[PDB]
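Visitor: With chain F's structure known, arrange chains Z, U and G with the ligands on it following the hints.
Protein chains: 4
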Amino acid sequence: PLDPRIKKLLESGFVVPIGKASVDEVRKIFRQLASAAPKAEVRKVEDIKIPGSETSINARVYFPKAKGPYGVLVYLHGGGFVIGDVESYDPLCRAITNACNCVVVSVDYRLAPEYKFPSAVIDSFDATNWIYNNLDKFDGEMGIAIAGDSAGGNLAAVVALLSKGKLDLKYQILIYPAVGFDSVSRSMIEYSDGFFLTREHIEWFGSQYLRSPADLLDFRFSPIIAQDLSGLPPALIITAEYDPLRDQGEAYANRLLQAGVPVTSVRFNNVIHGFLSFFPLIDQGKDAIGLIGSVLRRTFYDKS
Amino acid sequence: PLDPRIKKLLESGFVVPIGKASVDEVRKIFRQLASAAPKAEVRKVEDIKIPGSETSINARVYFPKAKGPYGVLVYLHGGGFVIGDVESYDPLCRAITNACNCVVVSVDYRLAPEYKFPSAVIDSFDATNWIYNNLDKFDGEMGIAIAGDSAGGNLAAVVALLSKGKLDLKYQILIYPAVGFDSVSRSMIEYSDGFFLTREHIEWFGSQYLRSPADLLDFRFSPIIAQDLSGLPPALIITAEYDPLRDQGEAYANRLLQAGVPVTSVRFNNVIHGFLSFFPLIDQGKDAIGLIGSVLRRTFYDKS
Amino acid sequence: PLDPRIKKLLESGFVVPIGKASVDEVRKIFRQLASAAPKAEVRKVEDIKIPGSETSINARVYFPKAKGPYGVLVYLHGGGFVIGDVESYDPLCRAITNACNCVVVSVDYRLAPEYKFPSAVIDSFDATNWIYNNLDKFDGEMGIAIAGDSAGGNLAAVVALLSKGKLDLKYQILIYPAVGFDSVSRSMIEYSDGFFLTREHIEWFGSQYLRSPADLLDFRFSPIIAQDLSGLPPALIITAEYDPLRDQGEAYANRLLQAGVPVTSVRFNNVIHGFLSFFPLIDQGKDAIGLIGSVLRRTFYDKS
Amino acid sequence: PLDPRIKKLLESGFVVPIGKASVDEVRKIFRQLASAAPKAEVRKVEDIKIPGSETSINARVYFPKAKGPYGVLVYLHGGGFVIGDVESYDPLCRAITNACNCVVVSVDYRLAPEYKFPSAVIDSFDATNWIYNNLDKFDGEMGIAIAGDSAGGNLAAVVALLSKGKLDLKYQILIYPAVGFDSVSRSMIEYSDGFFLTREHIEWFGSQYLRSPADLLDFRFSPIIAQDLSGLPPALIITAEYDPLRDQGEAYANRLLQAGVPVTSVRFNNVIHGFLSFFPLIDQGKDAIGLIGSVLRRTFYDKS
Ligand SMILES: CCCCCCCCO[C@@H]1O[C@H](CO)[C@@H](O)[C@H](O)[C@H]1O
Ligand SMILES: CCCCCCCCO[C@@H]1O[C@H](CO)[C@@H](O)[C@H](O)[C@H]1O
Ligand SMILES: CCCCCCCCO[C@@H]1O[C@H](CO)[C@@H](O)[C@H](O)[C@H]1O
Ligand SMILES: CCCCCCCCO[C@@H]1O[C@H](CO)[C@@H](O)[C@H](O)[C@H]1O
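Residue numbers (the entry's author numbering), protein chains in the order written: chain F, 2 to 305; chain Z, 2 to 305; chain U, 2 to 305; chain G, 2 to 305.
Honestly, the hints are just simulated from the structure, not real lab data. Yeah, the Cβ is synthetic: ideal placement off N, Cα and C, and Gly gets one too. One thing to keep in mind: the hints can contain errors.
As the list claims (entries may be wrong) - Here's a subset of chain G near chain F, in silico, CB distances under 10 Å, partners left out:
1. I51
2. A254
3. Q259
4. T265
5. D288
6. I290
Stated by the list, open to error - 20 Å max Cα-Cα, derived PhoX-like pairs, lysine-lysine:
7. U:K287 to Z:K304
8. F:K68 to G:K66
9. G:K138 to G:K171
10. G:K117 to F:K304
11. U:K66 to Z:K68
Bound-form chain F, shown alone:
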């Protein structure tokens, strides 16, 4: 069952009214929910503009208190390709920065419905490419990794595919990712309602982001159907027991493993989709952040 703390929270009306309110209103509600978490101190924070192929991309850079050199984690926020932003994810990105002792660059990719697929992918890739080529600006010579949650985990997985034989990504962290279209998995059906992220929400996000059903078959939306997953960066894949997206994330882990990619796939039991965003309340979220910290300290620094 759910952790009673989470059941209590859900029973008290913790919702984001996706598809039942205006885009502006759902963005506002999400901002207030996510941004309420404590902002842990880091050493320095900078807002930068990355020259993308299609737009000037805003990004926020978090520097850790630890001395350099650093690795750089490119972070892609979730929010169904429609909501969220760098500022609402500030508390989480600060927590990650402190866990990993690395530089985190959180990317404000273009959002749907204003900018449909593949805009978010293009921005995410362009940002990652620029950061790779400008690691010196962050004393970030230990290299680059990519991470994201939910829709941002989709983007991270896709960026890792697109980066093959261009960038040298050291690691990919996929936090309860969406990895394509799923009308069949048990978790999707079983947890379609009542667990914060619902099937109705998923469908609504899909309707805003994608241009046509053909986009469902594009590997830049459905990395699970990419032709060749071999040679991708080692992965940490975090899933949540009561998440409709659970099974598809675990499927992607399995597909990567079958392609010879190292993967640590961990299901956090008793919790829901989005649980890292609610780390102050949900203790397991702090522990997931600590696991991310471990894997990145190892990969970048060969430190415990």
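Guide: For chains Z, U and G with the ligands alone, coordinates are given in the frame of chain F:
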């Protein structure tokens, strides 16, 4: 775990070498495996030709020993849209006839690769339509139901969708059906190899049957994504515990239930995909046939 | 998910208030719930007294309309060893009689708390032994089988063990059985509350029936830990997807299979514990009864 | 599926021949498998003797390079209550020490069959009590936590129960623990063979350790049936996807959560029982050690 009888069978090389031999050779191997089962006596067997929209459709009609009037079960064989035929399914159709005390009409729909999607769907629908309009020829006034296994269960489900507000199908029986494209379910991943029907086979069948990836999004291949499942006939859906297709069949059951369609969804534990075809060996297959008999005797005759 | 029909029912307060009302009151509530189902006609019904080792055992005998000779199904009602009786199970036993075309003998074994374990086992065994030795009285020469639901499925499984090398039981039907003590299975934990049979109820029944914790290790309460399951009668084991007892019933199926006993293990999806008792409402219950009919017609008559 | 690395390992004969060789030989085989892992540097290692109630208890103390004050993790090795020792666990305890920046005290509790249950429990409790009362000897004033793997996770869970209202344990880490007797869970049945720890091994260990079947009902062997789990220390519970013990560990997590105890329950996918002992090969084991590090650094130091 698998029933030890089935494990023994699999360990002895029970395969159909799908995608590793010629189409002719795999058809021949399947014919010999399936047609080896005993042919139980029925009252009468007739081969007929149904005038389809695109072809003359061969069908075999089995009459039960019980006196009429009958219901008529349209049966659509499995074989990945590529292999199988009415004659290889003769033992199974005779067993079904005797279980249900009804007329069974087994349809030789056009097969891939010679005839790609949607040829099998067109033939299956045209046959069902003709049988409905000619029930009097079989003393079949108690009505029409549709059934099929695996690829034939896909076709049956699709025919039921296409028949909405045209025919009056009384029942749909989906025996370990394929219901669309699945790259994510746990059963698909977990039982991808070693359980008779493999992922490699599934992919090969898909490559022979479908014309392009767009066909994956056609509801006539993926009934699970049909816009509206309401008003379809009551269903019996049989799945197998160790079948890659298990989860998607159970998902379709759930979607039908959510649309207000009565569904009895039963997972046969300890067995594999195709188990009804191997009823002489696999006892559970006889019991699945008996369950089909029960549901059809009830729906057609209001008899136990 | 649950069949919406069942969710609707549960949401409307369908409970038996086990452990929250007097024994008399919970017995009365259960009687009214179970006995409300239609009583289908059979050919003849007789109440008999079986001379048990410890008591005169009441039993009800149902004769089918079909002509003899018959097999005889000994039926052991559920109710947690505390509630239920032959009369509350009359509708279900009539339905079974008509499905199987056999004689059904429903046994009023002694109930807890008035008669603790192993009283119910002794009565169930003594009744089965007497019926075996008196099959001629029922024109029942096709033989004897045993069946029961829940606590009655526990008793049936135990009787089959005790009958080894004494009686010639042809078949055992275990309908969502309890097979011992379970504090660990996923189904027990996941469906501990909200699905009609709850963990609190299970614990309460255990407290009334068993004399001490040592009884938990007695194979006559926990057949799953019997030393040797080989040579037992072929089994049909029905489980329910949303039943705390699901996993343990499927475990027992697996243990029997491993001991070379034929088993057809079927999970009825979308339904709860007790669903056969509520066959008029829950359609899947009618289909489970039909499956029981199939297996018994085959075993007794070699008929479809 | 299993990580291909692990499948490869298993297919190459990675076994410990529990119950198929002498106790001496199985101890020797395990020692060579476990002790082959690299011994990472720590600051200092001391062997000590703890005055237990029934024996002088050997323990090894590992000090981290980080400066004090420290927390102290009491570590209880696995090995089915029969095999393993402090020395075979040296590589793992050094890895843990470095991950957590704390003192680790690995306890050589008495082993079966020479010393049956509850000897291991008594020694483990006595050691933990002594360490609590002697934290000053290790500059360990940040407090005490308890951890163990498999049989050692059983002991850790039991020590936490016994310590209620005596010691102030800050945390309990249960690494793929055994939590009692399980003849019913799906994982126990499904992964009974072929996944390193087998049911036959489990039964053999039980036969050596326990004195009689009554011991199965003793909460000091089956903490899952303890009367009251409330007030126990916060827990990290790690399970492995392909471990027969998986479901029972997840059940214990759920029971603790229901009793208001904080629990982070994480299933490591694609891996087997014992995977932390094989961290040099199995990368996921390094990441599990990092997760342990995170939770202990937080609890002891309020550090990331
Ligand atoms: C966390 C965000 C995951 C979003 C996954 C969306 C899955 C696809 O969503 C789908 O896409 C289509 C195209 O717009 C639509 O026709 C459908 O409404 C929808 O189901
Ligand atoms: C029992 C038969 C089920 C067949 C299910 C096939 C699922 C779709 O199969 C797919 O279709 C595509 C189009 O040809 C191909 O590109 C792929 O190889 C394949 O995975
Ligand atoms: C459908 C009926 C199943 C009943 C299963 C009971 C499982 C054992 O129940 C137990 O037995 C003990 C002895 O009385 C008690 O100490 C406990 O309260 C209880 O959990
Ligand atoms: C990782 C080690 C877990 C050991 C769990 C043992 C579970 C109980 O094991 C049992 O205990 C009994 C008493 O000795 C025996 O009668 C049985 O052989 C055995 O199944």
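Visitor: Hint by hint, say whether it matches the structure.
Guide: Evaluated hints:
no.: 1; hint: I51; verdict: 28 Å, violated
no.: 2; hint: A254; verdict: 6 Å, holds
no.: 3; hint: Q259; verdict: 7 Å, holds
no.: 4; hint: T265; verdict: 5 Å, holds
no.: 5; hint: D288; verdict: 5 Å, holds
no.: 6; hint: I290; verdict: 8 Å, holds
no.: 7; hint: U:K287 to Z:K304; verdict: 12 Å, holds
no.: 8; hint: F:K68 to G:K66; verdict: 19 Å, holds
no.: 9; hint: G:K138 to G:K171; verdict: 18 Å, holds
no.: 10; hint: G:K117 to F:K304; verdict: 41 Å, violated
no.: 11; hint: U:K66 to Z:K68; verdict: 19 Å, holds
Hints 1 and 10 from the list above are not met by this structure, while the remaining hints are.
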